[PDB]
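Construct all of the structure, not just a fragment, from the sequences and the given hints.
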Amino acid sequence: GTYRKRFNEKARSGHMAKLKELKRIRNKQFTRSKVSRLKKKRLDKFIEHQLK
Amino acid sequence: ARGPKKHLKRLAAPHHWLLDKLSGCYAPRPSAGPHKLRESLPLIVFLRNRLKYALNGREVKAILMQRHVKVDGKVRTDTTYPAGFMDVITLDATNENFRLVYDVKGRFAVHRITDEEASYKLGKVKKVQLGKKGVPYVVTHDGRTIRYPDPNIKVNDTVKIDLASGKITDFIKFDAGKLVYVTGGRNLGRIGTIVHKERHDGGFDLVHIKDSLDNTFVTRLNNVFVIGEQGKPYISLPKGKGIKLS
Amino acid sequence: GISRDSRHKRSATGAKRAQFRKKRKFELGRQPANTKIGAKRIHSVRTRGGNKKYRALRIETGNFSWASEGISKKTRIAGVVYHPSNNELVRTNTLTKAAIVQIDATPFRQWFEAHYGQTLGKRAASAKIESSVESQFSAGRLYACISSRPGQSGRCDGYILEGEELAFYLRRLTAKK
Amino acid sequence: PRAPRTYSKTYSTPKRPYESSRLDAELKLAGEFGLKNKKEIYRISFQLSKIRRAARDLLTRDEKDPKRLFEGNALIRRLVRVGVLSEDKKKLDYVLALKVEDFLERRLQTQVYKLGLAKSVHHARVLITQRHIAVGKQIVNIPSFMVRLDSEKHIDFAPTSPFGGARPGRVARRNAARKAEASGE
RNA sequence: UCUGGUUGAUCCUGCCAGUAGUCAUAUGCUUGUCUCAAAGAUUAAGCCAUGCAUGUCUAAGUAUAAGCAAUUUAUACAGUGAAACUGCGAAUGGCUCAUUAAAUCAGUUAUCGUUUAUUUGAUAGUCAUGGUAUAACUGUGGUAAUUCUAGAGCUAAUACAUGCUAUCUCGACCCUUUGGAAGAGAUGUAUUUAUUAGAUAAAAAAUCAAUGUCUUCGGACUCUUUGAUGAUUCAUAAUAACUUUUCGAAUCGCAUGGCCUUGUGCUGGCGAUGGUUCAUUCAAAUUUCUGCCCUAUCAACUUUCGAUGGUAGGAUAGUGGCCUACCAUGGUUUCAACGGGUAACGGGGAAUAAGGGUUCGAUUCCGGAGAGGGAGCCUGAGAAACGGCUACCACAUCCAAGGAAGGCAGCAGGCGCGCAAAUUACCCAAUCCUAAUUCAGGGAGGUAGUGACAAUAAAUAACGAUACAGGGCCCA
RNA sequence: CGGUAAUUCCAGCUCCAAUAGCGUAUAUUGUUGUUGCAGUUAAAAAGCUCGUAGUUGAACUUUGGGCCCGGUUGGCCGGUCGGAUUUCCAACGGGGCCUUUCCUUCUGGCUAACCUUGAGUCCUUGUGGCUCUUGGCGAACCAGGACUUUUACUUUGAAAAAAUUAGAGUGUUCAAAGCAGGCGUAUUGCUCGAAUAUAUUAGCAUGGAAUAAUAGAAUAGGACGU
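Sequences listed follow chains JD, DE, DI and DJ, in order.
Numbered per PDB author numbering, the first sequence spans residues 2 to 33, 87 to 106.
Residue numbers for the second sequence follow PDB author numbering, beginning at 2 and rising by one.
Numbered per PDB author numbering, the third sequence spans residues 2 to 123, 146 to 200.
Residue numbers for the fourth sequence follow PDB author numbering, beginning at 2 and rising by one.
Source of the hints: derived by calculation from the structure; they are not laboratory data.
Each statement offered as a hint is correct.
Label pairs and their computed distance ranges (CB to CB): (1) DI/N52 to DE/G25: 36 to 42 Å; (2) JD/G2 to DJ/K40: 42 to 48 Å; (3) DE/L20 to DJ/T130: 37 to 43 Å; (4) DJ/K51 to DE/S24: 29 to 35 Å; (5) DI/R59 to DJ/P2: 54 to 60 Å; (6) JD/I26 to DJ/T7: 50 to 56 Å; (7) DI/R47 to DE/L52: 45 to 51 Å.
In silico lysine to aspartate or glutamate, DMTMM-like type, Cα no more than 25 Å apart, as pairs: (8) DI/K17 to JD/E22; (9) DI/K24 to JD/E10; (10) DI/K23 to JD/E10; (11) DE/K106 to DJ/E72; (12) DE/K245 to DJ/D66; (13) DE/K6 to DI/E28.
A few chain DI residues facing chain JD, derived, Cβ under 10 Å: (14) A16; (15) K17; (16) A19.
Even for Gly, the Cβ is constructed at its ideal location relative to N, Cα and C.
What follows is the structure in structure tokens.
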């Protein structure tokens with residue numbers, strides 16, 4: 002439960018900031087809304103169909 | 002905890018104290034003193050749970066204000082005074098003395114003691130050092146700090162001390178074939194004469210001890226406490242003579 | 002404030018450590034006394050237990066030992082000549098342990114003149152001293168090493184530089200000029 | 002916080018909850034010893050299971066091993082102290098041979114029924130809950146005492162009981178009161 | 001882990017039926033007794049009205065309450081004692097496990113790398129007694145308001161700040177004992193720095209420099225102390241200085257003796273506090289070995305910005321990249337590094353089987369962590385405290401609009417749904433604990449209350465007689 | 001069908017289960033296989049050949065014999081007013097010598113022990129029995145130095161808080177429980193307890209020497225040595 006969805010994020014705000022720091026530093030190694091996504095995809099498809 | 006604690010649970014007590022689980026949630030946390038924590042005994046547990054003469058803290062408190070008992074001649078007024086092994090307990094109105102000494106059952110043990118035996122007490126010299134202005138001195142097992150001892154004495158050495166002057170009556174060295182009490186460990190209380198000592202440089206040195214039934218065991222030097230010679234104890238011993246049986 | 006923990010540093014496996022608990026009082030770090038030269042300025046602090054500790058802020062004079070004579074005199078400090086960690090501390094004339102400085106030479110030279118009936122510059148087997156020490160006496164400034172912690176003790180107690188280290192550090196000063 | 006007071010369920014349910022043979026066993030023993038409860042049966046059988054289990058453990062243990070000797074002695078002496086195991090039967094095979102009927106006999110309601118102080122075992126349990134018989138000197142209203150030999154010699158009526166002791170009960174005295182009232186009327 | 005079913009019957013492969021529990025979670029009905037015992041869970045470590053949970057005084061710290069008691073010895077005082085100053089505690093207890101995966105925890109170390117208020121035991125020859133105050137209190141005030149205060153006038157300390165008051169050694173002589181004697185030398189600590197000593201393996205000579213007992217003036221060097229650790233620059237001793245220079249009692253209570261130059265001169269008991277150093281005790285802080293759940297459709301990883309090692313400093317209570325400089329390029333990993341998941345606080349323990357095992361363990365003890373969460377700090381031996389303080393954010397409160405206050409994962413008690421589960425009880429009488437100290441106080445704790453946590457024992461009837469008929473019962 | 005103060009009418013039907021407890025609902029029964037699965041066909045073996053790690057890996061090195069001693073059992077045994085221990089052989093491990101058999105060296109100590117010897121001997125004809133000591137037992141481990149294969153394995157010990165588990169004893173009236181209690185001259189006092197076990201990985205000490213390695217003296221740069 003490192004990146005956990007708490008009950009009160011306005012309370013765990015600074016907690017969230019330092020956890021953000023942890024996630025950034027730890028996955029520096031690696032780096033170095088779904089309806090909106092589906093509408094985005096189908097938007098690309100319709101735009102491309104009109105291009106075609 | 003952000004410091005020390007004033008509190009002692011029922012179950013947190015040492016097992017040898019033989020205190021029940023049900024007449025309290027708390028054990029009386031013993032005050033600081035000569036002996037260390039687990040190998041001591043508060044005087045109220047001594048009196049109420051062994052001598053049974055008082056039944057309440059108000060009672061034993063009134064007794065301490067009544068200024069009766071002198072430990073090694075000195076009265077304490079502390080209830081949780083840390084009384085440890087090999088102690089002299091003086092009872093004026095009952096006219097008795099008591100050597101506190103370990104049990105064959107691994108517990109402690111009171112000993113009815115006469116005034117002449119109470120006049121002195123025994124002590125394991127645990128560290129001899131040279132103090133400031135080049136003064137030589139010793140500290141015993143019971144925390145007695147004695148300046149200017151006999152030079153032949155070394156660490157871990159048994160010493161008879163007169164309590165009346167607080168002075169070195171005499172001493173007893175650390176040789177094989179000396180009568181030894183065992184203070185801690187599984188086999189504590191089993192009085193025996195030392196076979197020998199397996200010594201380790203910087204290591205916990207083991208000790209081989211044979212007692213009267215020709216039974217041999219091995220403990221550590223910290224548990225080792227020499228009493229006297231063979232058939233020559235400087236103290237009176239309780240019944241059983243520290244002998245484990247079936 | 003400052004602490005000196007380890008659970009913040011990287012692991013030996015090069016791993017980043019999550020925080021274990023809140024920072025504790027007893028692992029605190031205090032500010033270094035960047036002691037410079039000035040009128041006598043000393044503060045104290047109740048360290049753990051209640052143990053007093055004296056920081057030096059500005060301190061003018063100090064005490065210094067002649068080891069080959071086994072004596073010591075309270076002389077005044079000129080300025081920081083060399084520091085093996087920081088030529089910035091050389092520049093800023095900051096007074097800490099293991100520093101190479103110049104100090105007065107007159108009270109030690111007066112002591113020599115008194116003890117030996119012989120001047121410095123310009146029992147004789149005992150009175151023969153090193154040539155560079157004669158040079159520092161004729162100059163009036165003595166090379167010395169701060170080996171005290173005025174940041175901790177409040178003490179500036181050093182010793183005069185003697186043959187091998189004086190030769191070494193004079194090579195160092197000659198190469199650094 | 003405190004110390005947890007240790008406790009126990011005194012019984013256990015059987016393996017198959019429904020079997021005709023054991024059902025008739027229970028009915029026979031219940032109407033035999035004036036009993037009332039499967040749970041009581043489970044208590045006593047659980048005791049036997051534990052005891053003969055540990056007995057078999059001792060049997061598997063080696064002879065002349067002092068642990069085996071000690072535990073066999075303790076078990077045997079407790080059995081004969083109750084009065085279950087007999088003097089001649091002082092060996093572990095007989096300990097394996099002991100039975101719930103012997104324990105039900107060593108139960109007190111059975112024993113006082115043998116003593117004939119009641120016409121029935123149920124009648125004995127009645128008198129037990131009327132508290133009319135004391136064991137030794139102690140009054141007991143529990144029919145499942147599992148007495149010892151001295152105590153079964155020491156079964157007697159209660160000296161406070163109207164039967165073996167004090168004044169008659171409320172029914173007798175109120176009937177005598179109404180009878181004296183009617184005769185004086 | 002089994003039982004039943006196909007065929008005239010039999011055996012395996014088969015399918016189907018049946019089968020089991022699980023302080024697992026709800027739910028329903030019922031409920032007298034006795035004893036005992038519990039009383040968490042929205043992945044809400046979400047939020048709180050109230051009230052309560054920390055102060056303590058003996059002969060003995062500071063008393064003119066214009067406090068009381070009078071009164072009987074007290075014209076400084078004497079009893080009690082508000083308040084107030086001073087002391088100590090308030091760094092435990094209780095609640096919770098948010099977080100945290102070699103981290104803790106556990107075992108096993110060790111600190112010759114740290115401090116310790118307190119206990120305890122030792123431990124110091126190196127003015128018939130200064131001053132400053134201020135509370136409490138008196139008196140004038142502010143405001144909407146708070147355990148807000150301002151001005152002024154007093155008075156004290158165990159306050160504050162000051163502060164002074166012979167002993168050995170050698171020993172010529174003399175005389176012999178019970179010796180006493182001219183003369184020579186020396187005389188606290190504390191801190192810091194530099195130096196010296198602090199030994200030991202078995203013979204004897206030469207040399208120089210220095211010159212010590214006796215000089216039998218030639219020289220012999222005739223006795224020559226040193227502890228311990230496995231080990232040490234250790235214990236300990238000496239030198240030379242150092243310090244915004246520490247200590248070496250300006251304290252107190254009970255009583256009052258012995259003297260005697262009759263001074264109101266000299267000595268004298270009991271105990272109470274404080275005090276340097278050391279040791280103890282209680283500690284804490286570091287530190288070793290060994291041990292973690294899953295994850296390779298996670299294989300390389302860390303090093304600007306310390307990652308690895310070195311040298312110097314700082315800081316610390318100390319070791320240490322802990323940090324800073326200047327240096328070297330390291331370090332780990334397929335024996336799985338790394339990073340990710342963990343409704344993951346660790347363990348003792350709990351359940352289960354015959355064992356091997358499996359699964360839990362917030363939960364009576366221990367360890368550590370936290371007290372809406374970020375950041376930081378004072379005091380104190382002990383706090384990064386939260387029934388202390390500073391700022392942020394989040395809410396959130398009073399009002400006269402101005403300012404003011406805030407932390408129940410303590411004890412009851414409450415919200416978070418519209419559906420709902422312990423008593424805003426009593427007592428410190430026990431066990432303990434805290435203090436000035438027997439006496440104060442303690443939602444710690446106990447008492448009892450409260451839904452069939454869980455558990456123990458067991459009642460709802462015994463017994464007889466009488467009448468009524470031949471019928472009653474078992475299996476197939 | 002009539003009736004609701006109207007009816008006394010499976011009186012108010014029978015049987016099974018548990019019981020002061022009981023029902024229900026949801027979820028979990030050699031089918032993971034070190035013990036202890038499978039791979040012809042209902043599911044599952046490399047197109048071929050090599051190949052890093054890892055795993056796993058022929059045999060051999062002091063054996064054998066003899067002596068002496070004594071335990072620990074089985075019986076013939078029984079001495080005794082329920083067991084003491086003597087003779088005997090069967091075995092069962094054990095210890096010390098010798099059989100070519102490091103058994104660290106010396107420093108001095110402590111000598112451990114008769115290769116020692118100076119006398120006598122209690123008692124069944126006596127290698128069936130022992131008091132003191134004149135050249136002596138180097139290993140008796142002391143303390144001093146200086147080196148010697150390391151394991152794995154396994155035996156023993158100390159450890160591993162308590163509680164909990166097992167378990168001793170104890171008429172809480174029984175019992176769960178709990179560790180109390182019991183016994184005088186109740187007129188003024190005597191005693192027992194509050195056992196025991198377990199607890200596995202690492203660590204320490206310890207015996208063992210099978211197993212499995214390890215290393216040695218070949219450019220001898222080798223060993224002992226006056």
